[PDB]
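Just one chain is shown here, as structure tokens, and it is the form deposited in one PDB entry.
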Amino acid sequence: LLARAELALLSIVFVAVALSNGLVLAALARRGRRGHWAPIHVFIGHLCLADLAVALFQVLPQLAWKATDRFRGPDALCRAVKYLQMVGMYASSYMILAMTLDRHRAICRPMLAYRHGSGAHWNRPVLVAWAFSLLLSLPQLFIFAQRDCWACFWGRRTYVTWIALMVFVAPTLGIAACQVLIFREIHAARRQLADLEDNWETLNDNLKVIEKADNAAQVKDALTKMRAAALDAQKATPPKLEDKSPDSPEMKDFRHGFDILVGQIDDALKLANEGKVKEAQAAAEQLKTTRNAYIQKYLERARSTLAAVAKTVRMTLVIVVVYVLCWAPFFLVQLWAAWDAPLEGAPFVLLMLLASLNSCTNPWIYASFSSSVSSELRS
């Protein structure tokens, strides 16, 4: 016997998914009551709501073996249940798709595209995804009608191919494209920050060499390397993760402190060219006051912001990877055996339960990758 095992699996999975999603949604609401609400909160909350939809529509009917034994009831009940199941599946896929699109928007081209965003837990992409999930699952009202309930129907193979293409292959390919684009952008930002760090390092090393230099050369020299490093550094604009507008600190406060820095380098070079090495040493010390004012804080801020966006992108990538690895085993079976296909694919429940494990584990992934929810140890 294996029906009891399936029932126990479904019961524990419902418990886990419902509890985790409810706890994370409650933490989101609590943090919203404070001044710690963020744009990503709507996306995570609606992904949680899609997970609850999966739990209550796609998992509850199967768990109840006194109601899914023969799907007793009027055809309206079965039609509604199947429509809700497909809506939940579409929503679970497309909320992750929307999250990845949000990452692409807020990393590749972080503009003021959060129009009509609100703390009421809704925005344009998520409502678009929900509406698309509702529309694309409409065909489910014209298939299942009190057949025990069964499909009423080339129709089956074509429909299953369409479902796997719309729910899994197309969203997954879009997500993969967005992820490769985001990876490229993040690598570009990392390389730019590494270049700025290297320029700062060259500045510091040549300052040390000037401090320990004892002749005209190594001062006239090692100031040219500093000047080249400063010229290269002031050109490096902040990554797309931060805005670039006039009066911004990064436009004036950064490339004005660098102007004073290069001016002091020029003064040191002017002194060195006259043989006044001792005088040129004083400019070396003078340069530190400008070095530690405009640039060190900018480097710290850039590193911290890059780390934060990298953490969010890693969270999204983990969610996507779990999504694919948990849903592909189920969709592939249908795709391979829905054509009447080499044989009959007897195992059905376990694959769908494994798929729902993804919805079970999303809230844990978010909490692990989120400091706001991680600090919510005491409830």
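Here, rigid core means the biggest group of C-alpha atoms that superpose within 1.5 Å across both forms. Residue numbers count along the first chain shown, from 1. Residues that one form lacks are left out of the comparison. First, how it differs from the form deposited in another entry.
- Only one entry in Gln286, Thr161, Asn204, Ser248 has its C-alpha moved by 2 angstroms or more between the two forms when the rigid core is superposed, and that entry is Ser248.
- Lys66 is among the residues whose C-alpha shifts by 2 Å or more between the two forms once the rigid core is aligned.
- Core-superposed difference between the two forms: segments of three or more residues with every CA shifted 2 Å or more are 65-72, 117-120, 245-248, 341-346.
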The other form holds:
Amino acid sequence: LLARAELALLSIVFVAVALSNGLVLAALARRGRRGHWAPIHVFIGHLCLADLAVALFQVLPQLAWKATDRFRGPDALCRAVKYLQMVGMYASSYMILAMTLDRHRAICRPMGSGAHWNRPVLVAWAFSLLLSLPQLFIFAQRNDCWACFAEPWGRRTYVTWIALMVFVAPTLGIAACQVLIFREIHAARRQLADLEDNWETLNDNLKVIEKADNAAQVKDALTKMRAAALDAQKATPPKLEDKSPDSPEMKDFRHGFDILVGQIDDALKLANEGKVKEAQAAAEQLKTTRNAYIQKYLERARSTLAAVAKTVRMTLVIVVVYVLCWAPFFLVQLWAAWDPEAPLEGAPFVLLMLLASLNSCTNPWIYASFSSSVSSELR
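Same protein, the form deposited in another entry this time rather than the form deposited in one PDB entry?
Lone chain follows.
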């Protein structure tokens, strides 16, 4: 009685997924009622919904008198159940694609939408519903309730197409979006590195001016500071933040650096005239101005990049877990379908089924561990 294992496993995993998803959704609602709703939250919630659907349609029915058997109902119920399973699979595949596309948009081309839906998620759900229509034609109450397809290779065109549209194409698109996103993030990183280096050289040269005792060294340090300031001022913000012409920058960043360079020029004039002490006093005033103006902007810029990187890493983790969990299932199904050597079977499909459900029950934990507010809410 191997079912002792099989059914039992289904039970527990079902519980897991259900519980976890429920909890996460609850947290979201709280964060949507306390005034901290977020643009990404919608996506996450919808993904959770997809997971729930999978469970309610795939491991619960399969957690029946071994689903495919008698005592189900009329052909209509069987066809509807299979359609629900296929739409659940498509939604699980495509919600991650929608999340990755949203990340790409927010990282590359920053731009209505409701509080529980938006354009990309609705598009993914609609595509999932409309692409699973064939499941109604193929499946019926054939008699158990199985599906008979066209004898001329009904499999190499159905199962292969399912694998191509659910796993191959969405995963390839997600990989392309991920590599583009990481290129963009690495770009926004060397620019902040250049700004940090300019700040470091400015500080070091200011210290040198303080320690100096002759006009030559003071003037050389001032020249280094001036070049560094000019280079830094020409550092447009990355695409991950506000538009470059705006009050925060045009009024305080560029103007701050203009006043900086003016003070540097005045110190240089004093040094050229030959009054080193006046140059040192001007350098101290320069320190005061730079600390007042640019430190907060640099600190703020160092934080938004961190949040963007954290969310991108969360999305990458979700994608990696999803592929690791669903690849064996599609691989085995395609192997059986396309290959003529399909006959061999030791009934490993139960393990692939459980592994596929692992991703659905794991996604909420992935999200919780990557969001401080949500993790605190789960408390």
